[PDB]
Amino acid sequence: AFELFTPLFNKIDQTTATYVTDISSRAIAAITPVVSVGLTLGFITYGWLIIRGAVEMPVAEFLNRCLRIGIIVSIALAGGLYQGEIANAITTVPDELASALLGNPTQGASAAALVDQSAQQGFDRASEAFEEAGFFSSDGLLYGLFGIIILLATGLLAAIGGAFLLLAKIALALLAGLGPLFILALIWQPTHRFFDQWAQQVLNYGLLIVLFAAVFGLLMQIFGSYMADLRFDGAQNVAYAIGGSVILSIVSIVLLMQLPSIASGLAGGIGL
Amino acid sequence: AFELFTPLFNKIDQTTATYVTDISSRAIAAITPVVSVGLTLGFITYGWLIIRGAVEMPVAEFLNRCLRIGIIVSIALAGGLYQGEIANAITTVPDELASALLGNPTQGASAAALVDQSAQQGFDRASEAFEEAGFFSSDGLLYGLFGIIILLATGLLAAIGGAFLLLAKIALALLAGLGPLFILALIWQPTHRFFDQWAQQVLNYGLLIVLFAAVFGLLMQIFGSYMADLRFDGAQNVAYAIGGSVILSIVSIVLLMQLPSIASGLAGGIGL
Amino acid sequence: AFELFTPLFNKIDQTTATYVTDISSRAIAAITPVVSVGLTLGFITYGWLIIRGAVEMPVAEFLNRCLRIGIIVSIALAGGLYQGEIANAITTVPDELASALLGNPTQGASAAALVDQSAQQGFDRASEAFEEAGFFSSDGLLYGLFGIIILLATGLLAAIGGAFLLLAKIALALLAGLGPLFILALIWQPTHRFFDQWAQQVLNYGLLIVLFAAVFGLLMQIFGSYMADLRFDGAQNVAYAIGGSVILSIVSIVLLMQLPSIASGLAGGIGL
Amino acid sequence: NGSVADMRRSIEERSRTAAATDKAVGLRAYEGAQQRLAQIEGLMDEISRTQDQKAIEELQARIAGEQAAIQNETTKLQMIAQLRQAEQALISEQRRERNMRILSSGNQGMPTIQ
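Going line by line, the protein sequences match chains J, F, G and B.
What the first sequence shows, in the entry's author numbering, is residues 2 to 273, in sequence order.
What the second sequence shows, in the entry's author numbering, is residues 2 to 273, in sequence order.
What the third sequence shows, in the entry's author numbering, is residues 2 to 273, in sequence order.
What the fourth sequence shows, in the entry's author numbering, is residues 116 to 229, in sequence order.
The reader is advised that the hints may include incorrect statements.
As the list claims (entries may be wrong) - Calculated from the model, a selection of chain B residues having no Cβ within reach of chain G, i.e. all distances over 10 Å:
#1 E127
#2 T132
#3 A133
#4 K138
#5 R143
#6 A144
#7 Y145
#8 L174
#9 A176
#10 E188
#11 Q193
#12 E208
#13 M225
Stated by the list, open to error - One side only, chain F facing chain J, incomplete, derived with CB under 10 Å:
#14 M58
#15 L102
#16 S139
#17 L143
#18 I150
#19 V216
#20 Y241
#21 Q259
As the list claims (entries may be wrong) - Partner residues aside, some chain F positions facing chain J, computed with beta carbon under 8 Å:
#22 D140
#23 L142
#24 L146
#25 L219
#26 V239
#27 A240
#28 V247
#29 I248
#30 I251
#31 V255
#32 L256
#33 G269
#34 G270
#35 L273
For the record, the hints were derived by calculation from the structure and aren't laboratory data.
From the three backbone atoms N, C-alpha and C, an ideal C-beta is built for every residue, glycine too.
So that you can see chain J by itself, here it is in the shape it has in the complex:
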């Protein structure tokens, strides 16, 4: 069978897990106990000093500032449970692409699975064209050209969609890994803009992944069905079929090319 997007996605996910997620988890685990005890002891020390000589607002400002620092540090250190957030992204892709807009019920699969099935239908039609080219020794390269056009249409569409899915997943993994640093940016007023920008990028790529999951699943399922009904029999016009294939491919490609600008524009439109 045709299995390309499943191994590729698994490889990229393993790479990102080993290099971004695991390192961030290990770094947070290494600092959590020491920082926890140090933060506690520093709070105690500063409390004693402010009640014993330093400038202090005892009950309002000290409690408020301590609570701010504590809550922000608690969220950033809690970002140390990265494995949950990486699995959440890797599962957000298939849940949406599987049945959110397809309508036709799918028992259970992933985004890579459906892209693989539709690409398999297209490549099977191309293979049949190549077989016909083999039958006619001469006067057969026409079928070779038909197979080339089918192969290129299917490959361009699948590659365009899967590559933007990969970009979304990699970016979300990197942002989730770097999360805790920018959660700490909330503590410092000069460094609030860093958190704002990080949140905007997170929203950008989350919208990105939602839009591609949904629309790409729908379009690739339509293309897969159309190619699965294609036949080189005596009853189907070859020109009509190949033209429908190229039209569907190009329509899907240009739509998918408009989606990233929409995602970035929505992220910019939300203030953040």
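Model the placement of chains F, G and B on the given structure of chain J, informed by the hints.
Positioned in the frame of chain J, the structure of chains F, G and B alone reads:
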């Protein structure tokens, strides 16, 4: 064997060394002694004149301002160590591309080396397709088309990645050469924006080079392995193999296309 | 021999001369005496009127303003030496592209000459491929495809580079021709922005012509040497050679594509 | 053997020479066939003047030998046609050997950037 990126990178490195690094080293070395003595004599003369003339605060103003000028000039003239920085850039590309995200260690390998190996695997598959085309005198140009597709996919992926690596290296070399003129810009307040802009561009192309080396190495290694497994035997479906080749090529290409915008965007996002 | 860029550049140069440069030259020459006498008599008239009746600052303001007007008009009328600047541009291209970065002794050729020689090497390799296609009546169209690939790569690289050189030359000719109108724009404060914009565009296209001359010469010489080594003997891998050709072509095309943005960005970065 | 250009020149020379050889052999053989017809006509001129029985029996056996000779020429022409076909096949084989040598995947060379 296939060696194209190693000779090209060495040629470009020689051109950048002879014409952007050596000329800068020749100019700085020629002016370092004369400018050093002139600055020292100017310090002495100005000190005497201000203590016997125009009002100045010797304890703070003169010593502090002289220290600022001295540190800035020392850094600017320390750019005369251009060879270290050019070799630092030359070492940067391969060290990261070899094992930062690949996970496969080697005794010694450059980025050009890995690109050349993966492209060699792809072009070997194309050559086998051409040989099969030669076997079937007629009814063989289908294999010629297969070889052309394989050749174009491998070539275009490798060319895009390597050309962006070349752009990063050339730009970093030119910026390192022109450095001292821009470190000297810290001396005067109106010309501070020039240093800010130079620093922003340096950050831009450094982020570019890191992103390309890492991601391009990963993608090109994946493509090389896939093509190294490709075989025109009776047990592998030709359509599936060629389609996987084109899908991997195009996915990698568009992923790499997004990266320059990312590098420029992060460089702009950091204030500088 | 292959001579395409030399005749095209000469044609464009004759066209741009005869219209843009010659019209500006004759028009300036026709008005120079009239404007000279008119400005002199107007200076005399206004001097008499201010010293008898009108509001005047006799020695400072009147003399200084007359000097400003005179210097600006003299510079703007120095545009009447148009042929000097047109020759300056048409010689700036070859001098820089010849040996500034190539590092090879130059007999005194031009940019069009070097582009023609390298493209001739590529097209000769394509012609040899076509000859081999002619030898094998059937089972020979593979060599035709090889020749088409070689021809397209060589042609597209040469075309991109030469077309940006042509754009730079035409733009510089138009700007030089319209220069006086924008140098007279320094007389009045509201029209200062016109001179600022004209200067910025002059800087833009000058940087463009410099960058394209240098980089295009280097890249096109490298491509020409590589194609001059190519042979369809039994000792070279056809796949390796064609792949190297396409990789060099695409690498050069994208590097060159980055250059216009760099030139425009530098021109914008300089305040002006 | 030799450079690929020498292979090309040898193959083209073989093709042209083969076509010309076919034509020339056909032409000369046809001249011989016409002379053969003249000889047969002469044998029949002798048949008219035959007198005794022994004479006509010897003439019959002579004409039979003449028929055997024409049979032999027929076999020779068949053999020439087979050789012509074999030569064309061999030229095609040489063409394909040259093609395989140019496009062989065992080649390891490529242009060098310098």
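Here's how the hints hold up against the structure:
Consistency note on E127 (chain B): stated as away from chain G, yet its beta-carbon is not over 10 Å from all of that chain's, at 8 Å minimum. Annotated as non-interface, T132 (chain B) keeps its C-beta farther than 10 Å from every C-beta of chain G; the closest such distance is 17 Å. Annotated as non-interface, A133 (chain B) keeps its C-beta farther than 10 Å from every C-beta of chain G; the closest such distance is 15 Å. Separation of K138 (chain B) from chain G is adequate, the least Cβ-Cβ distance of about 21 Å exceeding the 10 Å criterion.
The Cβ of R143 (chain B) sits about 30 Å from the closest Cβ of chain G, beyond the 10 Å cut-off, so the non-interface label holds. Annotated as non-interface, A144 (chain B) keeps its C-beta farther than 10 Å from every C-beta of chain G; the closest such distance is 29 Å. Non-interface status of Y145 (chain B) relative to chain G is upheld: no Cβ of that chain comes within 10 Å, the nearest being about 30 Å off. Every CB of chain G is more than 10 Å from the CB of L174 (chain B) (nearest about 56 Å), matching its label as outside the interface.
Once the 10 Å rule is applied to beta carbons, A176 (chain B) is consistent with being away from chain G; the minimum gap is 54 Å. Against chain G, the non-interface label of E188 (chain B) holds: every CB pair exceeds 10 Å, the least being about 35 Å. With a least beta-carbon separation of about 29 Å from chain G, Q193 (chain B) lies farther than 10 Å from that chain, consistent with its non-interface assignment. Interface exclusion of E208 (chain B) from chain G stands, the closest Cβ pair being 13 Å apart, more than 10 Å.
At roughly 4 Å, the least C-beta separation between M225 (chain B) and chain G is not larger than 10 Å, which violates its mark as non-interface. Violation of the interface hint for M58 (chain F) is found here, the shortest Cβ-Cβ separation to chain J being roughly 32 Å, above the 10 Å cut-off. Contact between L102 (chain F) and chain J, as hinted, is supported at the beta carbon level, the nearest pair being about 6 Å apart and thus within 10 Å. Interface restraint check for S139 (chain F): the shortest CB-CB distance to chain J comes to about 5 Å, inside 10 Å, so the restraint holds.
Evaluation of the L143 (chain F) hint against chain J yields a held restraint, the C-beta minimum of about 4 Å falling below 10 Å. Interface restraint check: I150 (chain F) against chain J, minimum CB-CB distance 7 Å, threshold 10 Å, status holds. Restraint check, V216 (chain F) versus chain J: the minimum CB separation of about 8 Å is within 10 Å; hint holds. Nearest Cβ of chain J to the Cβ of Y241 (chain F): about 5 Å, under the 10 Å cut. The hint holds.
Because the closest C-beta pair between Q259 (chain F) and chain J is about 6 Å apart, less than 10 Å, the hint holds. The interface hint given for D140 (chain F) holds, since its Cβ lies 4 Å from the closest Cβ of chain J, which is under the 8 Å cut-off. The beta carbon of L142 (chain F) comes within 5 Å of a beta carbon in chain J, closer than 8 Å, and the hint placing it at the interface holds. Of the supplied interface hints, the one on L146 (chain F) holds, with its beta-carbon coming within about 6 Å of a beta-carbon of chain J, less than 8 Å.
With a cut of 8 Å, the hint placing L219 (chain F) at the interface with chain J holds, because the nearest CB-to-CB distance is about 7 Å. With a cut of 8 Å, the hint placing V239 (chain F) at the interface with chain J holds, because the nearest CB-to-CB distance is about 6 Å. Because the smallest distance between the Cβ of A240 (chain F) and any Cβ of chain J comes to about 4 Å, under 8 Å, the interface hint for this residue holds. A least Cβ separation of about 4 Å between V247 (chain F) and chain J falls short of the 8 Å threshold, and the interface hint therefore holds.
At about 4 Å, the closest approach between the beta carbon of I248 (chain F) and any beta carbon in chain J falls short of 8 Å, and the interface hint on this residue holds. The interface hint given for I251 (chain F) holds, since its Cβ lies 4 Å from the closest Cβ of chain J, which is under the 8 Å cut-off. Interface restraint check: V255 (chain F) against chain J, minimum CB-CB distance 5 Å, threshold 8 Å, status holds. A least Cβ separation of about 5 Å between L256 (chain F) and chain J falls short of the 8 Å threshold, and the interface hint therefore holds.
About 10 Å separates the beta-carbon of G269 (chain F) from the nearest beta-carbon of chain J, more than 8 Å, and the hint is not met. For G270 (chain F), the suggested interface contact is upheld, since its CB lies about 6 Å from the closest CB of chain J, less than 8 Å. Residue-level restraint check for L273 (chain F) is violated (minimum Cβ-Cβ distance to chain J is 13 Å; threshold 8 Å).
In this structure, the hints that do not hold are numbers 1, 13, 14, 33, 35, in rising order.
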